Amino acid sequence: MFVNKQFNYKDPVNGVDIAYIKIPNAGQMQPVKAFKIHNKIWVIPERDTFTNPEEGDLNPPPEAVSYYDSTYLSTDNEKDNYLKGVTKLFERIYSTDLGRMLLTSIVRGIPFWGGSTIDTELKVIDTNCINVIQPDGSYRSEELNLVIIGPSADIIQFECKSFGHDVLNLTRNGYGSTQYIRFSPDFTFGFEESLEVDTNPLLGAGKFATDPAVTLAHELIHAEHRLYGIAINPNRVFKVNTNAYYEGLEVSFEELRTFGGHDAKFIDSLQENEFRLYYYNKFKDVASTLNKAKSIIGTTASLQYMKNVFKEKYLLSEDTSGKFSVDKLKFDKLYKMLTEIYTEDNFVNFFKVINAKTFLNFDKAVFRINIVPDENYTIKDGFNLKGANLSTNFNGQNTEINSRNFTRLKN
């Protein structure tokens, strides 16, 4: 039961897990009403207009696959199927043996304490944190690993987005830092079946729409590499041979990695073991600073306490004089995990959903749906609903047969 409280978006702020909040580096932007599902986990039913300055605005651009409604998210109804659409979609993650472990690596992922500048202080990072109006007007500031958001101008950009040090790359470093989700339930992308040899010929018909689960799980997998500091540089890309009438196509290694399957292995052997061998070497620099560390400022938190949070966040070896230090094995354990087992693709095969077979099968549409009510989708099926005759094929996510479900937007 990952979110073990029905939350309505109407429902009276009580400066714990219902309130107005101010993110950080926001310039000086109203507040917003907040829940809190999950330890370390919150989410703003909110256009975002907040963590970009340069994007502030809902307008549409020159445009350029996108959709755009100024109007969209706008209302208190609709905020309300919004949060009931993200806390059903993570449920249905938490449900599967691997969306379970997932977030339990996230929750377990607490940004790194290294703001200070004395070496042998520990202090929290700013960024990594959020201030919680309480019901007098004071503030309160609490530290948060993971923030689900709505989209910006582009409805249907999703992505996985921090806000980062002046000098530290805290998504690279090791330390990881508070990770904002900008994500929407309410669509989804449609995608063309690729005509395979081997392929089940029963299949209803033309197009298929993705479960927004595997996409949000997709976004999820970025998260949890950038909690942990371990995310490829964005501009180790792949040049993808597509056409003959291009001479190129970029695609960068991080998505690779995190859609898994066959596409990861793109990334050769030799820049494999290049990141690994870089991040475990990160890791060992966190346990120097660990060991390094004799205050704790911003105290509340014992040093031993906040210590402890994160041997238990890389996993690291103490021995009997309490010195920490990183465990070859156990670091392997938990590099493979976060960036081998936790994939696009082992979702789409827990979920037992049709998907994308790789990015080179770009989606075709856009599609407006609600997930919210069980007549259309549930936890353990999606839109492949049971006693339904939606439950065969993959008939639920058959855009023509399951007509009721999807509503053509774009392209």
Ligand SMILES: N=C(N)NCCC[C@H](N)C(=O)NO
Contents of the next structure:
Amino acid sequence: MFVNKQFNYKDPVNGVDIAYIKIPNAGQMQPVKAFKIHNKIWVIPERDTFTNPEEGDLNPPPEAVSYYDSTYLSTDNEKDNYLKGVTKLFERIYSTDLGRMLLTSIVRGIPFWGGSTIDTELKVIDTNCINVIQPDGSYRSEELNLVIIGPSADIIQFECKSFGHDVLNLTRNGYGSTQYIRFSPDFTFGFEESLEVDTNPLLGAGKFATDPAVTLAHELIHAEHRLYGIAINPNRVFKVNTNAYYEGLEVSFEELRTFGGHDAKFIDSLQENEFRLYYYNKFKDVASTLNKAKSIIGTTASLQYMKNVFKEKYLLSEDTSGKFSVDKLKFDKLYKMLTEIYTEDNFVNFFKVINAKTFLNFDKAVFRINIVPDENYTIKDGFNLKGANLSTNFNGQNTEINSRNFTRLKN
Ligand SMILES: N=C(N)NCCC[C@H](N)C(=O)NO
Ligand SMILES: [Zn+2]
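Just the form solved without the named molecule so far, so send over the form solved in complex with the named molecule.
Expanding to the full complex; the earlier chain stays at the top.
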């Protein structure tokens, strides 16, 4: 039961799990109503016009496969439906063993307290918090790990982003930082079945639709990487050979790793070792920082308590003197779990749903959906409902057969 509370958009703010909040480095935004669906995880049912200065408008630019609709997610009812859709996908992910593990890792992934210039001092990094406005009018500073928010101008441009320090590279120095995922449970993508000799022949008809749960899990995987500060520099790319009429299409290692499967293998053995040793070295530095820490600022919690929070996050070893160190095999398990076990491909397998076999299998269309009604989608079966006749040959995902759950929009 990942979300132990039925949240309706119109429920009165209480200053605890329903409240108007302000986001860091968002300049001077108006407070937005948010919901805390799980410890360290909030959801803002608004179009994202706060995380980025240059993207504070929902206006359709000169363009470039995208989808725009400045009116999407503008009504309370829509926001209410958005909230229920996100909450439902989390329950779907969490219902699996893989998902239960991923979300647990995310919740234990508190961004490191490395905001002090004094090495004998542990301090929080302000951009890893939000201000929770209370019913009285005061604001309470709250640390959080994950924020799910609506998309910006391009509705289908989902992504996992964060604020990041002035000097430090939080998503790549092992510290981690609060992750903001632009996502929408109201849309999904259509892909075409790459007819391979051993693939099921009884496949209903043309287009199939991506299960929004796989899509959210995809972003959650980026979040895990970023929260543990072991994300692969987005500069790193593989020059994919597509056509002969193409002298090259770049695809980042971070994406190939996240998708997993055959795709992940484009990251050769030399690069894998490089990233692993690098991050191993980074964890060892976090251990040293914790070891030199004698005081904590922004006081409330005890020093030992916070040190312990990071001993748990990084799976550090503590001797009888109380000094932390990094254990090679524990690091290996943690790192492998985050980069090789949590992948889009492994989720497609747990969920038992049809999905593109690789990015190379680019989505043909964009569909409008609504997973909230149980008559349409369930936590356990997604679109391929049991009693129904949709639970056969993935009929539930067939946009021809399950034409009533999909409404074509673009491409
Ligand atoms: N299935 C999709 N078409 N996903 C939409 C987001 C694609 C984006 N590049 C991304 O992967 N972000 O993480
Ligand atoms: Zn991605």
